[PDB]
Amino acid sequence: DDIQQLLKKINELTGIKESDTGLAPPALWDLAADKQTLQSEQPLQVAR
Amino acid sequence: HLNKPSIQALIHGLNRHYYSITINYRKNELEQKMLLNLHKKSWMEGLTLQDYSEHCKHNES
Amino acid sequence: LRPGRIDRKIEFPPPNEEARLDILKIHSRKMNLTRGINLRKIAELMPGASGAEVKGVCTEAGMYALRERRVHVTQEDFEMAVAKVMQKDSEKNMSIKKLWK
Amino acid sequence: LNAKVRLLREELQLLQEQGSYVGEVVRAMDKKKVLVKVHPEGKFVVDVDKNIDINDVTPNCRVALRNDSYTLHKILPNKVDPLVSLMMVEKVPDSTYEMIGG
Amino acid sequence: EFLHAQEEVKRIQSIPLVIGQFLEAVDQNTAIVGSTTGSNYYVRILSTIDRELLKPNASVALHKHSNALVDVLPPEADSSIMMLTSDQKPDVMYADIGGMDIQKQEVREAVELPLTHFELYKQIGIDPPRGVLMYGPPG
Amino acid sequence: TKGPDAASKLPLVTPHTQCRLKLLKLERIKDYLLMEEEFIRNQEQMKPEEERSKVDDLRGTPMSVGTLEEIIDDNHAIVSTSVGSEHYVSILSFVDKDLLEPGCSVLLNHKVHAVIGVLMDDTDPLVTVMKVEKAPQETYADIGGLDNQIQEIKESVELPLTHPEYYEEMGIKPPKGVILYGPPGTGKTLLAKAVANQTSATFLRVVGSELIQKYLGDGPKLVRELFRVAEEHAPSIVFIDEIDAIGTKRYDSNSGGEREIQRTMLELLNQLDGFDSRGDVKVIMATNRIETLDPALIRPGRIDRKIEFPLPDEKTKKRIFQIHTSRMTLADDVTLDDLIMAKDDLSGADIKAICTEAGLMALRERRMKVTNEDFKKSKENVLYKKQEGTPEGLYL
Ligand SMILES: Nc1ncnc2c1ncn2[C@@H]1O[C@H](COP(=O)(O)OP(=O)(O)OP(=O)(O)O)[C@@H](O)[C@H]1O
Ligand SMILES: [Mg+2]
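Chains as they are written, first to last, in the deposited numbering: chain A, 50 to 97; chain B, 183 to 243; chain C, 306 to 406; chain D, 52 to 153; chain E, 71 to 209; chain F, 40 to 87, 93 to 440.
This is chain A alone, in the form it adopts within the complex:
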């Protein structure tokens, strides 16, 4: 029973594994211009 409870708590301690969200390498980053793109450009609804 100690083995079972220990397995439960140890899998609880590390179950949440990192799921990266597809970030580009830092070399190809333009955060200063990225903020400008965020503030100046606006989302345009696609219509027909």
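Since the hints were made in silico from the structure, they are not lab data.
Mixed in with the good hints, there may be bad ones.
In the BS3-like style, the derived pairs of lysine-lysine whose C-alpha atoms are separated by at most 27 Å in a straight line are [unchecked claim]:
| hint | chain 1 | residue 1 | chain 2 | residue 2 |
| --- | --- | --- | --- | --- |
| 1 | F | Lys423 | F | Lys362 |
| 2 | F | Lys48 | F | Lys69 |
| 3 | A | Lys84 | D | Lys83 |
| 4 | F | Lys41 | D | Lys88 |
| 5 | F | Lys155 | A | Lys84 |
| 6 | A | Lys66 | D | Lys83 |
| 7 | F | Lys98 | D | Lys101 |
| 8 | F | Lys362 | D | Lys83 |
| 9 | F | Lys175 | F | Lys217 |
| 10 | F | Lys175 | D | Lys88 |
Chains B, C, D, E and F with the ligands: place on chain A using the hints.
Chains B, C, D, E and F with the ligands in isolation, oriented as in the chain A frame:
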């Protein structure tokens, strides 16, 4: 005092682009007294005897 | 019905005489039975009475006192209630009944 | 009386906070990011309040997200279907073993 | 101040009000009722509201803006499966039907008498019969 | 290819007499588990930032999930909001423009809609639950007999992964798709739980009824997602138990609900043998009735081996008894051969039920050591549901 920066307004930008100013209302006499007439009753009110039939019904209930 | 899903398959057969007498005694505990009502005899008048039919017999015995505005049930109130609940539907045709010798 | 009026005023203040959404947890996504599924809307990768340990955020939970910031702030009891919920006995019957003969 | 607080507490039950179904209770003074708008919200509950009418199907009333449980509405089951309303009485007197004295008495003894005189049923120790089956030739 | 996400099984201890060496092995496993816990907790405690922080401020909270539909420019794209609308969003710099592919789930900024991330591993939680994480504790040694049947299933789901050279040096494509059919209670699901306990590949399990849904598009889409996950996760095994629920014989149905049943079946057929060849994903199907399945579903090419599980033979029943009575405390007078020789159609589940019932009759008589009479009683008190149905004395 008089407020805590609201969550509904903080995310739209508070203390970043615009900041709130404490609100205070200038209410003085000769203005409140005129306003209290919204629901003031009258001299007739306070002397009416209600209705005895429904008064008895309410008392019994 | 394979084992591992159903390990025990318990059968509920129709109660026997010593069992029907028991059913007659648990469904008449609250009933104001008179003196001289032999509950075993009524049980003996119900061969293969399911078990709910015993409760129906008790209820109809009480009903036969309700229509008379009483609180006590006699032996005749049960014997005349057994024939009501434990009613049977016959073939009502000798031609079909003598299909088989 | 002061305790009663204080209770009334705190209830009045707490009643004006907008109701929080409920959503199913697809999976956790960092240490401070949790993927959720708001019922009318779609998926949302939301934050987590400092009062909640992310290890308690299991997949297929029913965490509550704040009205505007969409911040996880409660685990909430797990979701069971309303029709499968009435199938659980809350009032036991009044038939005992002594009432079964034979 | 206490009558004032009770007054604004009553004011929160003003009559802009959406209705939602009380899905489940979490703990004291909160709920998970889903609004009719199309979303389910984790809400707060008024203290004045009694918790025993919060059955897990109740069509409770929610505040329009704060979206909190402010009022429990009485259930709506008046004519779901054609329960006979006060204007749908068959208009058939017992004296209108001819004969059937024994059949009337047996039916009256299981579906009408137990509702009125339950004490007389309980006085003997029998539960009233719950089902009757009228059978015979058509008409 | 994320690799085979095999189930996590703790090492087995194989004294079963409750002796001291069993305790020593269990305590060794406990000590290693405690040491691993010490390592992780002491790593968190002992362990005591400017680049990703700006990124997280740029993304903000919350962070919507949309479906990419068009890459207009290198910095501009069209995404579908999770309700079904469309938006002409902008692509930010930290977004990696290689993983940006049409149809993928993209992250969108809440206030000003714009692609700010790629959500890979967006599997439907109805399918992430299909994966087996804790392996069943039924090894191949827990099955009595079925040596021929075990060998057939071991040459299609384990051998092609341990010794692929045997298959490749000869010119074969290893059997990919077996069906386990037979009377109820013979050891099909037991064999599935046994291969799940020995395989090193991800073992997705389904009752052939989770993959059926009320919505029009959800049914076949779920089986497509299941097979996509199976192919994504390197060598994989898909166990579709009770395949008779979905894969029944096709017919011209006048009911719309049934026409989708055949429609998701026809996607199970496509995902087994279609225009695009399958990956390194084996499929293990189980059913009690093989005469009701569609001929195309059990067609060779989709299902290569039809492993038959007949009712256990005398030797197989004797081995099954010993398997199910290993943990018992049998009396010296318990000769099991008295019960095995009976011509009754005794399945393995029947044997296990006899063992459990025989143990229970020992508790009836205040005994933890079952005798021979307990077995002779449990045989009768358990051999119901089959009564005795046979032709009378016509044949001599
Ligand atoms: N050869 C065998 N050796 C050991 N145990 C067996 C054997 N065959 C069957 N059993 C027992 O039968 C029990 C019934 O489960 P099992 O997985 O065998 O069912 P099944 O044949 O897949 O059933 P169904 O046809 O209802 O899906 C198992 O718990 C197992 O112990
Ligand atoms: Mg099975």
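A quick look at each hint next to the structure:
no.: 1; hint: F/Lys423 x F/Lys362; in the structure: holds, 15 Å
no.: 2; hint: F/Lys48 x F/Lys69; in the structure: holds, 14 Å
no.: 3; hint: A/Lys84 x D/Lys83; in the structure: holds, 23 Å
no.: 4; hint: F/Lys41 x D/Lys88; in the structure: holds, 25 Å
no.: 5; hint: F/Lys155 x A/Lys84; in the structure: holds, 13 Å
no.: 6; hint: A/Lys66 x D/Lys83; in the structure: holds, 12 Å
no.: 7; hint: F/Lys98 x D/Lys101; in the structure: holds, 21 Å
no.: 8; hint: F/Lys362 x D/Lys83; in the structure: violated, 57 Å
no.: 9; hint: F/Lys175 x F/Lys217; in the structure: holds, 26 Å
no.: 10; hint: F/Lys175 x D/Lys88; in the structure: holds, 21 Å
Comparing the model with each numbered hint stated earlier shows that hint 8 is the single one that does not hold.
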